Amino acid sequence: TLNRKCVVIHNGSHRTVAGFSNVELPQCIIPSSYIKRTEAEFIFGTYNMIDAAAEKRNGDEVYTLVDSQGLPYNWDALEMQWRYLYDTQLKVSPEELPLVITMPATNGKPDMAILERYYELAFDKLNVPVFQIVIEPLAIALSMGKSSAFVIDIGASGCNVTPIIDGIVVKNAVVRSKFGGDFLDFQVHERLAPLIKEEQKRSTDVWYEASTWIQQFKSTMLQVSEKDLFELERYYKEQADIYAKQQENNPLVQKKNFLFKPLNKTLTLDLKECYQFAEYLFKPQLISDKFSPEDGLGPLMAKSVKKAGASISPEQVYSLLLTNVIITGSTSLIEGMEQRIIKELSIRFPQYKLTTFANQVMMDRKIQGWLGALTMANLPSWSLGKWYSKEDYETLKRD
Amino acid sequence: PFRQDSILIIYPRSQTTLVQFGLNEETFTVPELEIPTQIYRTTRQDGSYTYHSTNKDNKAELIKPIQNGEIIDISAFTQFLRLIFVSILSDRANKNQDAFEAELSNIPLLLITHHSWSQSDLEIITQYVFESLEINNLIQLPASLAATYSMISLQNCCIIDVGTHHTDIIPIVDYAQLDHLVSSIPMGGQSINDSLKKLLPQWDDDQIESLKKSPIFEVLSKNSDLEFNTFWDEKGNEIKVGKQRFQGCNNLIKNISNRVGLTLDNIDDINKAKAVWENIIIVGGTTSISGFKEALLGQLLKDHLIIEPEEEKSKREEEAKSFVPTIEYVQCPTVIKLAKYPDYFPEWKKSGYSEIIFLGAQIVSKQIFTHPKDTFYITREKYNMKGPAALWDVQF
Amino acid sequence: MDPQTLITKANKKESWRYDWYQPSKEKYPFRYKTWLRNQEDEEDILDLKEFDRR
Amino acid sequence: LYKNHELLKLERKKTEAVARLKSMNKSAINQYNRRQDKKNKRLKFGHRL
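Residue numbers (PDB author numbering), protein chains in the order written: chain P, 2 to 39, 44 to 204, 214 to 262, 281 to 344, 380 to 466; chain Q, 3 to 223, 275 to 375, 394 to 467; chain Z, 1 to 12, 22 to 34, 54 to 70, 79 to 90; chain A, 585 to 633.
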């Protein structure tokens, strides 16, 4: 292998992952947001922010670095974050080592403008020697031994569906849902509000709650039902009637208990109410009358495959993609999720056999994007990736 | 390979450095060498630096290389290792004179590291050990792992290492230190001192430090029976004290606990998490304060245990007056425990386990160095091939 | 005895430096620090016992 | 001749990708097996202690 050690940085819209290419896990996972506390001042890091957030001090406000595109939109802040990472976590001059960072799949447009802002940050400001940009869905797929794959990423910003054929990304078939993890935070909060008393500028408390009890609730209460929930209900009812009538147990009546710490208070949901939260990802027409069933994850996956079949047979691409389905993302770890994504895919494409792949290790999908970039950085040849040097920048600067 | 006479363990910390050369073979002994962690740095006109054990003719400056556990001066730190290492060679070379053919012929080194050390620092140290000290075999063992290996080898646990000015919190899952969860709070033993100064204004520092180190200072959660009790100055002066001797540990205990909670809550595999919460390991000088560990446990329970809120439970029991099943929660921890100490290291039992990290290293080094497999340390072979980078092919 | 010679007589051979390196395919336009192997051409003592516990 | 020559040209890079992709897949699979190995040797050392 090569005589080098890279810094690997992944700026997700929710989490930021950083570490060196020579070890199996990242040195740090910190929030892709910061507190601006006021003479201004910028707080980064999971415990630093949760401490400051709990202080409940006026003028403290949380801002974000990554928009819903998965792309950085506040570049002055991003530099401060990178400085923070290099200074306090990796503890190395940014000038020494090659850098590997991620971008999300796009349709192609915002690409050049981003690349430029990265030149300015990597070169003008940090003095990085050289960097590679890997495309998240692509790296994750490669890290998994796959050159062609339908990559279904369910993160905080929403679902990102990306067909990848023979190492190439099909941009026009790239699809980004708007409903994911962060959406789930909103719904858990709005729904539980009356039991916990509670029912931008108030960003600090929203954030702190999202990062504390709401995060635990998601990891322990929510489940995704295997089949359209409204149907599951009608069925379980229809069956329940017969057990009852017959003599003279509906699974949705099981209760689940969550200790809510801030008030030392038990919150009990029935299994249906637990299934209900993720149902919105699949049938978002159930919150507002302003969402079409087509904004739901099932129709969306289908849409993106069909748009893959338009290249540039279809019942071949369909077959390729569907035998290499990759399910990934923090939110994809919610119990029942893989199976519903599968059921939802299988019924839009009955003629085909689906085979899906997913990291089964809890940690590794939360940071599978970073894991992907890592396996790119450990590729044995410098010729395997585009490596931008200070040169490239100079030459772009000409007219 | 290898002679047990020859195994050298060094455990450097901000104030002092525990050292041992040779393992006893019968049972493990608590390290007897404790060298203050500092070196003198004379500056020689023309720019360069020289390093001595004493202020040479009052010409040298006093460098303290490790602060808050972090290496702040990597050059003085390596010079300090050499100073220790050389001293050991001289000592043994006198006493026995055939030493260079026996005890000093192949010296493997185990260096206990701290979570905060750079990769850059770890590589430089590796280079120093192979190039300057001309040693041939090196393990760099993280402090956290030494801890878990001493504690009857725990796959999942949490280390709470209470220093003087800071406390490290370090979760271990599947025998791996979880770097992204690791952290320290800027708070430790001195906090007790500080709490006490506020409670006893007319005392001074040495008086307060003496109380903390006395038989009558404990954390509560027979001495506790007496309103007042007595203890003796560093200088033999008798001092009486009231309820203050059961105070001063609280602010620290609460701070550590809040941190432990946020940390373990970010372990993603709940099945791992349950295990960690059931193997809390507390280490460091402070922890030898009577009552301290149990008090810290008590607080983790009070703050974090998942269990039915008492009022809720009291209603349900009234209702049933007209047997109550246990409410099951989806969260962890429903059980919190301190990891069980091994009781079969007699010398260690005698002296307490505040420094048990070192026993971790005595065990690992014997394992590793008295068995052929070279999987967990850097050898000359390896150094010759990859250099300091060799280090990353034997991480645990 | 001379500390340096004590170091020399115990435990019985390359050396590495941490420096700029410029990979090739000829040479890529960029640099980066790494641990390179060198070519052919590239104080005191303390008394333990004070520090022994007693 | 023109068409055949340009097609062989396209394939020189068709084969190029066939390789690039073949070798990346190789590294990726090797890296994954190395993870698993480290994880195993670790768990094995622990369980021996």
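Read the hints as simulated data drawn from the structure, not as lab findings.
Hints should not be assumed to be uniformly reliable.
[Claimed, not checked] Restricting the straight-line Cα-Cα distance to at most 27 Å, the calculated cross-link-like pairs of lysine-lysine (DSS-like) are:
| hint | chain 1 | residue 1 | chain 2 | residue 2 |
| --- | --- | --- | --- | --- |
| 1 | A | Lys623 | Q | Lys457 |
| 2 | P | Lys453 | A | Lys610 |
| 3 | A | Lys597 | Q | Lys437 |
| 4 | P | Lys315 | P | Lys259 |
| 5 | Q | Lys97 | Z | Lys34 |
| 6 | A | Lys598 | Z | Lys34 |
| 7 | Q | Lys61 | Z | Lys85 |
| 8 | Q | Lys327 | Q | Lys437 |
| 9 | A | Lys598 | P | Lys96 |
| 10 | Q | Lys457 | A | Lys598 |
[To be verified] Here are a few chain P residues that sit away from chain Z, every Cβ distance over 12 Å (derived from the structure):
| hint | residue |
| --- | --- |
| 11 | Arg62 |
| 12 | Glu100 |
| 13 | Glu101 |
| 14 | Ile173 |
| 15 | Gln230 |
| 16 | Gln286 |
| 17 | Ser450 |
| 18 | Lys457 |
| 19 | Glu458 |
[Unchecked claim] Far from chain Z, by Cβ distances over 10 Å, these chain Q residues were calculated:
| hint | residue |
| --- | --- |
| 20 | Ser55 |
| 21 | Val184 |
| 22 | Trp205 |
| 23 | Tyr454 |
Don't be surprised by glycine CBs; every beta carbon is placed ideally from N, CA and C.
Evaluation of the provided hints:
1. A:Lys623 / Q:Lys457: holds, 22 Å
2. P:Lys453 / A:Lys610: holds, 19 Å
3. A:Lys597 / Q:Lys437: Measuring from Cα to Cα gives roughly 56 Å; hence the hint is violated.
4. P:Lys315 / P:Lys259: Given that 27 Å is the threshold and the Cα spacing comes to 33 Å, the pair is violated.
5. Q:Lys97 / Z:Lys34: Violated, because 58 Å separates the two Cα atoms, which is more than 27 Å.
6. A:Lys598 / Z:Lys34: holds, 21 Å
7. Q:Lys61 / Z:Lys85: holds, 26 Å
8. Q:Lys327 / Q:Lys437: Not satisfied, since the Cα-Cα distance of roughly 31 Å exceeds 27 Å.
9. A:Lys598 / P:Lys96: Violated. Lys598 (chain A) to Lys96 (chain P) sits at ~43 Å, over the 27 Å cutoff.
10. Q:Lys457 / A:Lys598: violated, 36 Å
11. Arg62: holds, 41 Å
12. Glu100: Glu100 (chain P) is in fact no farther than 12 Å from some Cβ atom of chain Z, at 8 Å.
13. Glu101: Violated: least Cβ distance 4 Å, not greater than 12 Å.
14. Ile173: Given a closest Cβ separation of 23 Å, the condition holds.
15. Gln230: holds, 42 Å
16. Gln286: holds, 57 Å
17. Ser450: violated, 7 Å
18. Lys457: violated, 7 Å
19. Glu458: Given a closest Cβ separation of 5 Å, the condition is violated.
20. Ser55: Non-interface label fails for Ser55 (chain Q): nearest chain Z Cβ at 5 Å, not farther than 10 Å.
21. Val184: With a cut-off of 10 Å, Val184 (chain Q) remains clear of chain Z, as the shortest Cβ separation is near 26 Å.
22. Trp205: holds, 29 Å
23. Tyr454: For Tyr454 (chain Q), whose nearest Cβ neighbour in chain Z is about 8 Å away, the distance does not exceed 10 Å, so it is violated.
Hints 3, 4, 5, 8, 9, 10, 12, 13, 17, 18, 19, 20, 23, counting from the list given before, are not met by this structure.
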